[PDB]
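Every protein chain but one is kept in place in this view of the complex.
To keep things simple, chains are lettered A, B, C and D as they appear, and every chain counts its residues starting from 1.
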């Protein structure tokens, strides 16, 4: 499934998904180009979090919906 | 890159680091030029004490940063 | 022929050499008894930085001279 | 101009719609120091406990996240003895659009899930990653100590 995700400085990437994927299976096709940790998988989709441990079948991402990948600076 | 470590005696040392290097690997350098074993070497960055399992790929990327050296000593009264 | 090599820490070592030896082979002999890798090693004769592919007779090095080893500065 | 009517509006809508297991308000007639009050989630050892909050808005509040700490002593890894709260949106994830009610939703949410990878206490994070019988016990233990 062609879905979209965009970074801070304007960069967006293209990848595939499935309706029965998970949010880390979204992430499983995110470190295949950048190499980022799934603990830093940060999704800002209309003011709320998209939680990583859930599946893709709860977070209403439609055909070529744009996500927002910012890297995390967690800790304290 | 290189970062700063400031002790509580008003002494400032610098230390060149790699972001792959662990907190233990940081403590082993400061071990040699301060004569202190790394068990006694407690660190504070932005208020949060670091973890021995962590690295410098874990806490707040920037060069020219500055840690603090809180000296927990083995013995009390 | 034997030569003397001096360190920044002041270690004095002997070394059986030949005037046509390459300097990395000399640095291999330094690694042979002290294990220090040759890219790290850096030798001085007559106040001059040396070159690996040259020989001792290129640098006019008489036997039982003094060499100076600088461990090139390792990082953190 | 800058500060007051933003604060009074968020006060007014909580007076319109009070939160269910939470409640918050100012400490008397000082607008810049409030008091919140929550109850623990039923799916937690934090259930049965009531917790009070020390709140200080800054003078650039609508543009700086506030300084807010707990009053009650709690057995929690993301809370120190000072009641400081290692929470993400209390830091550079701040947006000025955020309401304090929605902030208070995040607080019990941290009491719900307890994200351990920001270990504000080292020892409790090791206990939580090893033995749930030790963690879930002492939280209800210090509830009966403090949060009654």
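We adopt the following convention: a residue touches a chain if its C-beta (ideal position, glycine included) is under 8 Å from a C-beta of that chain, and two chains touch if they have at least 3 such contacts.
A.B. asks: Can you tell me which of D:6, D:73, D:91 or D:126 touches the chain that was removed from the display?
C.D. replies: Only one listed residue reaches the unshown chain, and that is D:6.
A.B. asks: What is the set of chain B residues that contact the non-displayed chain in the whole complex?
C.D. replies: Within chain B, the residues that touch the unshown chain are 1-2, 4, 6-9, 11-14, 16, 33-36, 46-47, 64, 66, 71, 76-77.
A.B. asks: With the missing chain put back, which residues of chain C would touch it? List them for me.
C.D. replies: 8-12, 42, 44, 47-49, 68, 70-76
A.B. asks: Residue by residue, what part of chain A touches the chain that was omitted?
C.D. replies: That gives, for chain A, the contact residues 8-10, 44, 46-47, 68, 70.
One rule holds for everything that comes next: only the chains that are shown with their structure count from here on.
A.B. asks: How many angstrom lie between the CA centroids of chain C and chain D, rounded to a whole number?
C.D. replies: Once rounded, the distance between the two centres reads 66 Å.
A.B. asks: Centroid from C-alpha atoms only, then distance chain A to chain B, rounded to Å. What do you get?
C.D. replies: 34
A.B. asks: Got the chain A residues that touch at least 2 other chains?
C.D. replies: Only 73, 75-76 qualify.
A.B. asks: Give the residues of chain B that touch two or more other chains, as numbers and ranges in rising order.
C.D. replies: 48
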